[PDB]
Amino acid sequence: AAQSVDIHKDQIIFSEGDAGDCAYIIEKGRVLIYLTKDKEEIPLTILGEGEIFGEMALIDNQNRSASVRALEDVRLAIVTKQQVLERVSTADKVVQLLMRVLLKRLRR
Amino acid sequence: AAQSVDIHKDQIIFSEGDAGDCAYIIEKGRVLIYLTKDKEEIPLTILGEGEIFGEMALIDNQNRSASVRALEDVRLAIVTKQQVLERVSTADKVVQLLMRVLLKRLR
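Those protein sequences? They're chains A and B, same order as listed. Counting from 4, one number per residue, gives the positions in the first sequence under PDB author numbering. Counting from 4, one number per residue, gives the positions in the second sequence under PDB author numbering.
Please note: incorrect hints may appear among the correct ones.
As the list claims (entries may be wrong) - Covered stretches of chain B, as calculated for chain A (at least 3 residues, CB under 8 angstroms):
(1) 54-63
(2) 79-90
(3) 96-110
Claimed, not checked - Now the in silico label distances, taken between C-beta atoms and shown as ranges:
(4) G51(A) / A5(B): 35 to 43 angstroms
(5) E44(A) / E52(B): 46 to 54 angstroms
(6) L47(B) / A4(A): 37 to 45 angstroms
In short, the hints are calculated from the structure, not lab data. Quick reminder that beta carbons are idealized off the backbone N, C-alpha and C, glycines included.
Just need the whole structure built from these sequences, with the hints factored in.
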């Protein structure tokens, strides 16, 4: 059962270093991917509706490489490891094979 | 129109260094992925029916990182950038987004 959550403007959705198991697809609003060094916000990217972030938690098994803050109220679809497996297994044969070898290459 | 090609036993399908625009799915036979150093064949992998290789040509169009020889008569399905785009565009939303970030990261 796919799930969604609301997060309010200016909330940090997650931070550089956090453990994470899931990715997020933006259904509403916008987020800023940023790092921080020195006590200084260094922005990388702004993402809006239809876009995914947090994806490396679904692939590898490390921590968040960047922090993400909501620039406005957001509604996020939670993508889990289980859902990925399920969707990939129902997908087109060629798309399957491609995802599977691309996923392997990205792992390392 | 999807296309296939027959490659005879011992034909080099492509080589380390070649420009390439497509990937292949093996419908028949087997192929050896190899490198060569000092005129010495160093085998990596044997691939057979149902498997894909050459996939990086669909990602970045830099040259082949390994050579591939048919060990026996093969039939390969040609996978083009256009076909991938078409299938990706009909696919599940989550599968779409995922493909798209794999392509982004592996360039």
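Against the structure, the hints come out as follows:
no.: 1; hint: 54-63; in the structure: holds (count 5)
no.: 2; hint: 79-90; in the structure: holds (count 4)
no.: 3; hint: 96-110; in the structure: holds (count 11)
no.: 4; hint: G51(A) / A5(B): 35 to 43 angstroms; in the structure: 36 angstroms, holds
no.: 5; hint: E44(A) / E52(B): 46 to 54 angstroms; in the structure: 52 angstroms, holds
no.: 6; hint: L47(B) / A4(A): 37 to 45 angstroms; in the structure: 42 angstroms, holds
Violation of the numbered hints given earlier is absent; every hint is satisfied by the structure.
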